[PDB]
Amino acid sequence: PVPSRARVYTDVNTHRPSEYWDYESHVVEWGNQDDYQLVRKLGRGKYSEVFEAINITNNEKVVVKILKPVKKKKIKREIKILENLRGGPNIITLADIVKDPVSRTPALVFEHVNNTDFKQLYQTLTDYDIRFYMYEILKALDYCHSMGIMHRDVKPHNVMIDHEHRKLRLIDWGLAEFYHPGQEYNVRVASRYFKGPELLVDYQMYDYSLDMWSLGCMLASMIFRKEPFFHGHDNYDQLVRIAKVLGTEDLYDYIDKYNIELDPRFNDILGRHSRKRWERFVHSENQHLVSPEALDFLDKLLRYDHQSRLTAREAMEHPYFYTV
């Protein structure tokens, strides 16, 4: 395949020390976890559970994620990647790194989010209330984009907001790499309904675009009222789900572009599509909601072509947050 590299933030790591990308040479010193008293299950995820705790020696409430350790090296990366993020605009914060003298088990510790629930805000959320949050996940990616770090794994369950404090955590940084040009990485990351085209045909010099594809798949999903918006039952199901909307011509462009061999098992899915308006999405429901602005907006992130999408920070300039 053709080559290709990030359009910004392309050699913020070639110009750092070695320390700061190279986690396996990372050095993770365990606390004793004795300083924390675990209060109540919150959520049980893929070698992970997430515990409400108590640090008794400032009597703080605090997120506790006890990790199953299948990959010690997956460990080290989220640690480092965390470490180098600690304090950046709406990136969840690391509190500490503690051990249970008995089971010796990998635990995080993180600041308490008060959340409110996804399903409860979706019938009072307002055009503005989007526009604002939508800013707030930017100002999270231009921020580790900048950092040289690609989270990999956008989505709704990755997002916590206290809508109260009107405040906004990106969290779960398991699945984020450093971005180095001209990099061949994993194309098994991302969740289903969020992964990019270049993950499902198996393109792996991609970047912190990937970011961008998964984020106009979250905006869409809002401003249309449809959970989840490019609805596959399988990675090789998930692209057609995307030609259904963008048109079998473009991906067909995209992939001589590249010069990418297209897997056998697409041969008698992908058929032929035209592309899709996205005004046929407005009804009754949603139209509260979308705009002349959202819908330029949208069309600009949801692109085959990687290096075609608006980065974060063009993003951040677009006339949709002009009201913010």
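Here, rigid core means the biggest group of C-alpha atoms that superpose within 1.5 Å across both forms. Positions refer to the first chain, counted from 1. Compared with the form deposited in another entry:
When both forms sit on the same rigid core, the CA shifts between these two forms reach 2 angstroms or more only at 119 out of 233, 165, 188, 119.
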The other form holds:
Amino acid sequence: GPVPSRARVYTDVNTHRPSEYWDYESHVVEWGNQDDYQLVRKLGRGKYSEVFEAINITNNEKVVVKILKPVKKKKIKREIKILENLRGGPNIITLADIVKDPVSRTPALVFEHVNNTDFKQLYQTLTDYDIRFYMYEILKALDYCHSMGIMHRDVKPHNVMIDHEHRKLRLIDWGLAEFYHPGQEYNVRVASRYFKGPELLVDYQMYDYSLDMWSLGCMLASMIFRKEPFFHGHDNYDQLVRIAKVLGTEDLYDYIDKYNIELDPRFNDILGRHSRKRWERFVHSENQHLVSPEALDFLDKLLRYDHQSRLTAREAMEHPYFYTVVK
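Given the form deposited in one PDB entry, state the structure of the form deposited in another entry.
Below: the lone chain, stripped of partners and molecules.
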């Protein structure tokens, strides 16, 4: 079978915590008054959520309502529990209330308002200094949620909300988030295709927090090189081929060998043979102002097949890339 693995850091946070903390199935939800909130305008839609800009009429404060769908139920408790556990953490979206429609029974989460600005929208104009600043702010959120025994599992530009005039950032959408229990074989059908780590792609189920660090490296690559997305696969299979064409097949097969991974037969004829392409090869006139030898060293330390070899969120925070961020 595959070689076992444990997160290098924050391994036993859930192990030494009482079941009330991580046992979301047992969480009794405290429902608020739905009559306090009124819809202002449509903010977006997903495959299980409808997001709106709203107003609390009791104080006239702006809020964001996320109406949950019945497609994926009993997964509403995991999200609610994770938001309440992370409440107050640096750059973590604030769950302000939980409400339910008395007739349709459809639940809705009421969040603190943040400017409806995704990271994607800003990167096109961000300078080297703001890429470093916001990347550090994302790392504060990831170190916090990992320290609290939680993997986000959906790190992507869409899940980062920024109010640039206040240089204020929030990590949102905790709908795919999960509690880290060392030894757990998790479902690999998580994250978004372009941000899935090699572990998901080879069906290595005993992954951990380091999955989020791969997704973060994917975002950094996209930002410093102006290539959206950085790894553009046509499916989960081709996604690993796209990674292989950059990191190289040698290190992929060393990874599979190390963890005794049973590689799907489809990969034998599509993976092929590819040498490692140096990070500098992605540098050109339009993006050279966003690249530095520190940015490259840092990127190289995130985008690694072996989940155990990637920097932890706290180790990333200490990298020379962040020396220019003046606290």
